[PDB]
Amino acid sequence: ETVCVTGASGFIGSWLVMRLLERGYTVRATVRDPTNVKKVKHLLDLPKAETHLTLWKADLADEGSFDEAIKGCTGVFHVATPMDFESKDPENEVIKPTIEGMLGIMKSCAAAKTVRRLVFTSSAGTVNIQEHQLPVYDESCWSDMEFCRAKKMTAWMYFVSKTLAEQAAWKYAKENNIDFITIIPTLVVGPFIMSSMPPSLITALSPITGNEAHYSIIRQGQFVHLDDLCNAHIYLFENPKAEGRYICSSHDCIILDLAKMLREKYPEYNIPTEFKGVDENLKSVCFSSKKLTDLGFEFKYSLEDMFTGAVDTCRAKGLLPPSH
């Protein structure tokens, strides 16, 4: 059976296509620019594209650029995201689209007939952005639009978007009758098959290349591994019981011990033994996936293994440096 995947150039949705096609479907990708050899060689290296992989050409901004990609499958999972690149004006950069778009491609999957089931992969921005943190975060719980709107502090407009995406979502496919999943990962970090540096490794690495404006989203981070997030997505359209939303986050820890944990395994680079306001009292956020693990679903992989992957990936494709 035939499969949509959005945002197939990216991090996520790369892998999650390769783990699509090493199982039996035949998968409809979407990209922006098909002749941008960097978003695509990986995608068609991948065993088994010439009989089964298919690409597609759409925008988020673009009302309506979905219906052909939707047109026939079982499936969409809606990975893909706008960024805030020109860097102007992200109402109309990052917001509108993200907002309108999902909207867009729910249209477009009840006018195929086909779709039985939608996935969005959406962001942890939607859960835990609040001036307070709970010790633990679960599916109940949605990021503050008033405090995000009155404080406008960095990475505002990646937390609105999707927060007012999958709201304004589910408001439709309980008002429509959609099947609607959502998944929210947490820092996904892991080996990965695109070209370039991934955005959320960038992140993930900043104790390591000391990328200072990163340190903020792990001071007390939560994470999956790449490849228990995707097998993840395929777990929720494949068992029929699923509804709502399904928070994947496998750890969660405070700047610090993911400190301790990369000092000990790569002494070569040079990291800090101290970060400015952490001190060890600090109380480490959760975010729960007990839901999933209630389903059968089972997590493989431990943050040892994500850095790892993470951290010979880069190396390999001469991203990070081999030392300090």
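Numbering follows the first chain given and starts at 1. In this text, the rigid core denotes the largest set of C-alpha atoms whose superposition between the two forms falls within 1.5 Å. Compared with the form deposited in another entry:
Only one entry in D252, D84, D227, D138 has its C-alpha moved by 2 angstroms or more between these two forms when the rigid core is superposed, and that entry is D84.
Core-superposed comparison between these two forms: the C-alpha position of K151 differs by no less than 2 Å.
Having seen the form deposited in one PDB entry, I'd like the form deposited in another entry now, please.
Coming up is the bare chain, nothing alongside it.
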């Protein structure tokens, strides 16, 4: 069957396309710019690309731009999203196109008549952005927008756009009887096929690069392997019993435990031993994937698997130095 993957050039998007083509799907992959060789070469080099992959030019900012790609598809994976954390105009450059792009794709789907299920890749930032952290989060939990806008932590604008897009999407879905599923990943770590630094790995490997601004996301961190996440996407698209939101998260630990793991695996890098405002008594915060595992889904990868995959790929591609 024929599925549309939005944001196919990205970290998650490109791996998903790979796994979909591997599974025998016909894939329509969207990108903003098909003349960009660094964005498309990795898609075209995929096994089955010549015969089973087409590229479509589309932007979330343009009304109706996903109309042609979606017509004829039996499913849609909406993975694309504005990823700028440092935007000087957050409302127009990030928040607004995320929500209207999302609703636009849902309408593009309704207009197609062929789409049997829309799978939206949401974000853990729609779940646990509040002042007090619960010990365990599930699918009933939503982020606090007032707190998010006021605190203005790293990625606040991104957290707001994702939260607002998902809530708007559920409203549209309930009112128009659209078979709609969302997947909520935590921090996605692993090897990848794209040629530039995946945004999440800026966060995940902060302990190695010393990027302190990203510490706030991993302070009480939750993680999932790229390949487990993409298999969860395919699983929930194919599983007829699937409904509502699904958390997809396999591990949790505080920055201290993560930095420990990395020092032990990578002695060549300068990884801190102490982090300001963080003690051994800091509670680990868990995202519960029980709804997903209850369906029959199995995670296959460990925290060590994720990070070795990520660092090894970064090295291979010259995105991390060999040592410090």
